[PDB]
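Chemist: The residues making up each chain are set out below.
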Amino acid sequence: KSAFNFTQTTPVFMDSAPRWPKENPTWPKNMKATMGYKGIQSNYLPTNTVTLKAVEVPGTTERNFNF
Amino acid sequence: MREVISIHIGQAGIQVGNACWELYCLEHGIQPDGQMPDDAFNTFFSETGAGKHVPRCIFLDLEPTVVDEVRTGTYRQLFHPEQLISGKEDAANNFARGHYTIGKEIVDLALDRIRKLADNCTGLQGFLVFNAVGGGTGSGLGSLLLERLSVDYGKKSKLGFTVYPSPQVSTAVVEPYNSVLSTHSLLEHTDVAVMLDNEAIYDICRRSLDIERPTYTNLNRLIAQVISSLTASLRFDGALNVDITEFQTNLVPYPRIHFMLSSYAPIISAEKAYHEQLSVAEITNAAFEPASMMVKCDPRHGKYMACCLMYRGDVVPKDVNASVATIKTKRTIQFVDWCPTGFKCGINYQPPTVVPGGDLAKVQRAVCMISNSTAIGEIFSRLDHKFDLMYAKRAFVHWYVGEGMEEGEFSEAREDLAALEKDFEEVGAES
Ligand SMILES: Nc1nc2c(ncn2[C@@H]2O[C@H](COP(=O)(O)OP(=O)(O)OP(=O)(O)O)[C@@H](O)[C@H]2O)c(=O)[nH]1
Ligand SMILES: [Mg+2]
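So the protein lines, in turn, are chains P and S. Here the first sequence is numbered in my numbering, starting from 1 and rising by one per residue. Here the second sequence is numbered in my numbering, starting from 1 and rising by one per residue.
There may be inaccurate statements among the hints.
Computed, partial: chain P to chain S, Cβ under 7 angstroms [stated by the list, open to error]:
no.	residue
1	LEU52
2	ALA54
3	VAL55
4	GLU56
5	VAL57
6	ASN64
7	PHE67
Hint data in this document are derived by calculation from the structure and do not stem from the laboratory. We treat Cβ as the ideally placed atom computed from N, Cα and C, and that holds for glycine.
Isolated chain P (complex conformation):
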């Protein structure tokens, strides 16, 4: 394992400077991306907003999608 200079034995003499594809306080970490889910699933088109219900009747499926 010579010609390799392993990390477990590299005195602080040897040390590396991190380069761009890596986070560091000097260069800016530009924006990232995530997936935002469909919305609240329903039987009509999924929506983000919750609405009132006329027929409450615990455990029943009644809506007025058409407004």
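Using the hints provided, position chain S with the ligands relative to the given structure of chain P.
Modeler: The following block gives chain S with the ligands in isolation, referenced to the frame of chain P:
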């Protein structure tokens, strides 16, 4: 969006309906012909494809003689003719006929209207019931109708503004009975039950309005001023907006105790309003005044478990919290131990409106109080006394049993009051 469905049952139900619906058509500039010269009204109406705004209410009764007046009066182009449901014969001041004989064949016609009325509102806040406990239509149908509303809708909020039999003033002899039978059907089916008596509002007409010729057309004009002050937050912008759900949440401690009183203030003629200033602290003192109660009950015999307050007009919160602070120090006013709080206060920038030819005064400040007190166990005991006074002789029974009933219905509905009596002392535990 913020939409409610108003119901009117019996005669008094529609005789207040002619007052409330004379108020809203006036409070939104709605001409009697439907039209006018958003959401300011969408609580109570619905535009059609042609100009008009039709109310989302239901006038239901077994007497054509009171419904046809609406069909002939100036407010006839308003209602969809189908909503004004009537009947061939009446209940004849008998709880049976309103519950077993006649009521059974028209409800389906009523419900098909309610269903057609539910879809047309996108968000339903809750039903409003204007009942008249003491007759056949008001009590018998109101009983049968409230049940069916619980099966079809369940936990939806149904308020109850039901005029109750008065101690002294009583225009009937059998109204003890059809009142008792009604209790179980309202208790287990209505969400909140405001009460008010025809006598209690008489004296308020005597002292305050000073109209020595009071009739029903006067009393109905008062209840309009209550609900307009109550549903202002549904259709008028104002600090501390308060809806129906917020209303019953912090007012009904137990599922059983949902009876409460009402008080409006100020109630002043058009001339003493010139001998006056009507400060927010003065009004709210006259609101908690027992003489300004809309029920013949005494608040100084019981304890306040919760109070609601709908102010209206040029009012700011700094003044509400200040006057309320005084009453909390007042010793005349008690409070049960387990509510150091006890006020849910509401404000509305829109002052109440006055009806031309009305008896109140144009004022820029008003207060409508509703309090859930335990003193209401009084007005609930006189009925317990008179019912047993007559039922010990089987008087008038052959009518009830002769129309598809038996005797058990009396004892059930009798005990339902007995159990409900002790609850009004249980909650006054103080330990
Ligand atoms: N505040 C108020 N109370 C009324 C009015 N009209 C009747 N009442 C009261 O209602 C109670 C009787 O009930 P009614 O509605 O008249 O009769 P009903 O309940 O429809 O039963 P039926 O006579 O069989 O049709 C009495 O106590 C009346 O004083 C009114 O216009 N305003
Ligand atoms: Mg009647």
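Chemist: Would you check whether P/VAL55 satisfies its interface hint, that is, whether its CB is within less than 7 angstroms of any CB in chain S?
Modeler: Status holds, d = 6 angstroms.
Chemist: P/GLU56 was flagged as interface toward chain S. Is the shortest Cβ-Cβ separation under 7 angstroms?
Modeler: Check passed: Cβ of P/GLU56 comes within 4 angstroms of chain S, closer than 7 angstroms.
Chemist: Quick one, is the P/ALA54 hint okay against chain S at 7 angstroms, beta carbons?
Modeler: holds, 4 angstroms
Chemist: Given P/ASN64 as an interface hint, is its Cβ closer than 7 angstroms to any Cβ of chain S?
Modeler: Nearest chain S Cβ about 6 angstroms off; hint holds.
Chemist: Taking the closest Cβ pair, is P/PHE67 under 7 angstroms from chain S?
Modeler: Result: holds, 5 angstroms to nearest chain S Cβ.
Chemist: Report holds or violated for the interface hint on P/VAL57, using the least CB-CB distance to chain S and a cut-off of 7 angstroms.
Modeler: Holds: closest Cβ of chain S sits about 4 angstroms from P/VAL57, inside 7 angstroms.
Chemist: Go through the hint on P/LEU52 and say holds or violated, using the shortest Cβ distance to chain S against 7 angstroms.
Modeler: holds, 3 angstroms
In this structure, none of the earlier numbered hints is contradicted; all agree with it.
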